[PDB]
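Single chain ahead, written as structure tokens, the form whose entry title says "inactive state".
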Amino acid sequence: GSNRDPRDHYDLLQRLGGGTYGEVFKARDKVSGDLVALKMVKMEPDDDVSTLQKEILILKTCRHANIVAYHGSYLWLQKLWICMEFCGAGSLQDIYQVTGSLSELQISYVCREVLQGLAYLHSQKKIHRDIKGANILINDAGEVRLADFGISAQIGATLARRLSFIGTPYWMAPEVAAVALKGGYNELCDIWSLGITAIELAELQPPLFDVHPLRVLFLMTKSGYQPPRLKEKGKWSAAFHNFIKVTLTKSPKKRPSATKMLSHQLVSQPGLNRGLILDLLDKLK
């Protein structure tokens, strides 16, 4: 990247979102006039810039239609600015909080595009680790995009010990919870999270959203633990109930991959296109 003021190339506009992790702002390229998203990562004076730089190189090497495009980065006065593709409708959580439940075909389309993104991430030896409505972006043309590629499947692989992770517990696979008492998870943890995300788009929250997050992880490690299910049987077709059953299979040895899931009836059926989301975006008035 460059050590320069990003205002040299962009007009900084409205705050789109943020958290403790950092902020994201709308902006416009001064030359082209195209809108972009600018991730702003705040640094402390003693933070190691080289580690941030290393992460950026992953954005420079990975490219896919269903992951937000990367345009460049600016390090300036303890702020790291990352230029990404703008997605006008924000996240699916921003959309379903206004619009209400998504239709079965809208969820089918979302899942297909997210599986295309996951199949790519996984082939590049990355694991997303937090697939959920808030981390799936939608543009004005109704196209689906992941906000990042995740990070390497091998974290601390050279260490003589294992490291587990905590993403958002309601979307975490059982074997990630079990790393607190056993060893190992792999890229299939993202397939379970996609199944919870389908329930989250159908119903307006994931299963057990009112239970404490560490109790949700605890219940997943007990024997006789039953994976979650759609609460209304009649409202959804057999194909959707099966997609939920196979994506939410308890054992990762029996859970299908992103490539295998792209052959499932729910996401292989005709009539899945960006137009179904353009209909969802029309419900904002």
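Here the rigid core means the biggest group of C-alpha atoms that line up within 1.5 Å when the two forms are laid on top of each other. Positions refer to the first chain, counted from 1. Compared with the form whose entry title says "active state":
Superposed on the rigid core, the two forms differ between these two forms by 2 Å or more at the C-alpha of one listed residue only; from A239, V216, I58, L35 that residue is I58. Put the two forms on the same core and the Cα of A119 is off by less than 2 Å between these two forms. Positional change of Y96 between these two forms stays under 2 Å at the C-alpha, relative to the superposed core. Once the rigid core is used as the reference frame, the Cα position of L75 differs between these two forms by less than 2 Å.
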Contents of the next structure:
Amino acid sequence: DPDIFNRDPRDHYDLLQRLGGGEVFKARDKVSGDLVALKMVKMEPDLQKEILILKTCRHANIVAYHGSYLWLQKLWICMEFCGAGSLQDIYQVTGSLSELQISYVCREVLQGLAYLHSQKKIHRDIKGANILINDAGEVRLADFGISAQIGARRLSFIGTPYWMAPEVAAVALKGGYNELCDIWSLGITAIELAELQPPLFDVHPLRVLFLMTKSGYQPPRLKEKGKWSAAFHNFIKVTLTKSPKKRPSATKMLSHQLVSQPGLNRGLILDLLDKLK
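Target state, the form whose entry title says "active state"; input state, the form whose entry title says "inactive state":
The following holds one chain only.
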């Protein structure tokens, strides 16, 4: 907001495509030739904290920020371009990922969460659609629009219901919650990647919240049992823990068998980006 450039962004950037719907364009720094992504939102001068959260980030797993432009009542946010788009854009064509593929993504997201949490920040919208893959098979985090800055417990009722932790769903009754909700959202996201839908996705979202506040609510499991390994079923069991008091941190999960086992690298995602042909 204070480091905004009052400049037409088209001055130094060729816009190349429409990808969004706020709207999001593929662009190119004219002099540099470097690709970027410009998120444009129409702004009547009469929730822009996403800027505050990104400008202060400095991590490979978090989408990179380059500056914000404001022109003619239009707000443009310049960020790091990711060739293959979201994992949702991908898996919809590809089909469900392998366990190694899923394993890699979780390690990378947990890397981005660990950093983000130590910065005293929660994403609160971890889902396949907010995880971006660059042409080099790398993983980045995006859509910090509903993400929160702490400085100790959040009170807001927000998220995408299917991916929302139960302590968030019940926030109006159970009081504040904290950063362990991104770990729940990650577990759901693992299943999203495994089954192409999050659990209960055909249920009305508001109902899925109510259901998940019920006493005796059972956290989701993977459907095909034998299809996945012992290490994966456990990763789900523990990430999807109801009591946030008992649910592991990002740091503790990075040392889990599923994400600590060898073989995991940006290669498996390139192997996934091949199936897009």
